[PDB]
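**Student:** Spelled out, the chains give:
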Amino acid sequence: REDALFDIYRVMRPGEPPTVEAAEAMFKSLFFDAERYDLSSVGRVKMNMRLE
Amino acid sequence: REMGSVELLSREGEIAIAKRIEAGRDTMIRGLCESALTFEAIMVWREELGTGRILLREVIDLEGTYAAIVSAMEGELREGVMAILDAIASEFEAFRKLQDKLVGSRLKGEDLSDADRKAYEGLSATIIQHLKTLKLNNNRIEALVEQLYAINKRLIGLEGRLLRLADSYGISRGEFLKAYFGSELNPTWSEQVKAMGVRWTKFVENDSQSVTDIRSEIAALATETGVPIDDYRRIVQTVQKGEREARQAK
Amino acid sequence: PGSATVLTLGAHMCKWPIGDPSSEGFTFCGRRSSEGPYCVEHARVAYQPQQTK
Ligand SMILES: [Zn+2]
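Protein chains in written order, with the deposited numbering: chain C, 367 to 418; chain F, 121 to 189, 236 to 416; chain G, 105 to 157.
Chain C with its partners taken away, still in its complex shape:
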């Protein structure tokens, strides 16, 4: 999982040097964080309808 986090950090921010906790925090803030990945309720309902 550390290698996957490093790869994700390099893909998103190639210039910045990926770190163990920095890469894990980047993915969380990108997708696991509701502050940035603010998917509306219409998106969630559309996902629930498309894939049950």
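Careful, some of the hints might be misleading.
To be verified - Here are the simulated DSS-like pairs of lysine-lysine, each with C-alpha atoms no more than 27 angstroms apart in a straight line:
hint, chain 1, residue 1, chain 2, residue 2
1, F, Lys344, F, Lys274
2, G, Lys157, F, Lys416
3, G, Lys157, C, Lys412
4, F, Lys416, F, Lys298
5, F, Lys298, F, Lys274
6, C, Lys412, C, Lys394
To be verified - Here are a few chain C residues that sit away from chain F, every Cβ distance over 12 angstroms (derived from the structure):
hint, residue
7, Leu371
8, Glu382
9, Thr385
10, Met392
11, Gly409
12, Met415
Note that these hints are calculated values from the structure, not bench results.
C-beta atoms are modelled at their ideal positions from N, C-alpha and C, and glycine is treated no differently.
Fit chains F and G with the ligand to the supplied structure of chain C, relying on the hints for placement.
**Tutor:** What follows is chains F and G with the ligand alone, placed relative to chain C:
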């Protein structure tokens, strides 16, 4: 990336870096206050100051004076600086006379050993102790460091030219300094240094016989213009080392 | 106290200051500390140990 992957956050090392900068400044001041043109220029410039020239805020920092002890502090430090200059004028004159005698002995060949070096050291130590305890400012220190750096660059260029002219067949560049440190008094340095090695004779005859003479003439002309030879070299070297250490700490 | 003054400081040596620069005795460690300004322990304590960020 350079800041992060390379540089590390100095935690609790700020005070250490400040102490290192202070040590570098101390080294630069110690190298400055020595037997050379810096001590003569700082003493001659301070002779006109105090009465008709800038006595404070341009030679010695007012805060540094009373730091270890505005109108009262200004007049108090001014009288002290004037008394120090009046007491060290004779020492500076004796040091200048000793430096001139040493330069003459080095340009003629005779070694001044009949207490001449002792008198020169005694006259230089008094001036050094007076300048160190005076707590001068950095205004004139900047000009002194600039002049020392210019003289050092000129000397390094001359040494590099001499090394390039003498290292044609089998000579090197690092031996030129070792040869000129112990074979600078005699004018025929390139002729009296042909002890061993066949390449040295070929480099001295028709290879660098004129280059060495031109370098010696340039050194003799630069000695009178500023500080003499054999004494200002180590001074500028140590002051440059101190400045480099301070810049590295910064 | 160390074993190297502020003048005889060569390359690949420790540079951590000890004491007061405006004092009488002020020297550095001056040991085998290549690839680093300070020695091992002093660089570790000064480089923000437990770097997690
Ligand atoms: Zn150390």
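**Student:** Confirm or reject each hint.
**Tutor:** To see whether the hints hold, each was checked on the structure:
1. F/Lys344 <-> F/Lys274: holds, 21 angstroms
2. G/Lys157 <-> F/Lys416: Given pair G/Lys157, F/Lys416 holds - Cα atoms ~25 angstroms apart, limit 27 angstroms.
3. G/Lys157 <-> C/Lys412: Since the Cα atoms of G/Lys157 and C/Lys412 sit roughly 37 angstroms apart, the hinted pair is violated (cutoff 27 angstroms).
4. F/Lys416 <-> F/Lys298: holds, 23 angstroms
5. F/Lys298 <-> F/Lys274: Violated: F/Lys298 and F/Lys274 sit about 34 angstroms apart, past 27 angstroms.
6. C/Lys412 <-> C/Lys394: holds, 23 angstroms
7. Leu371: At about 17 angstroms from chain F, C/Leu371 clears the 12 angstroms cut-off, so the statement holds.
8. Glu382: violated, 6 angstroms
9. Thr385: violated, 9 angstroms
10. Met392: holds, 14 angstroms
11. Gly409: holds, 35 angstroms
12. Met415: holds, 44 angstroms
Violated hints for the displayed structure, listed by number in ascending order: 3, 5, 8 and 9.
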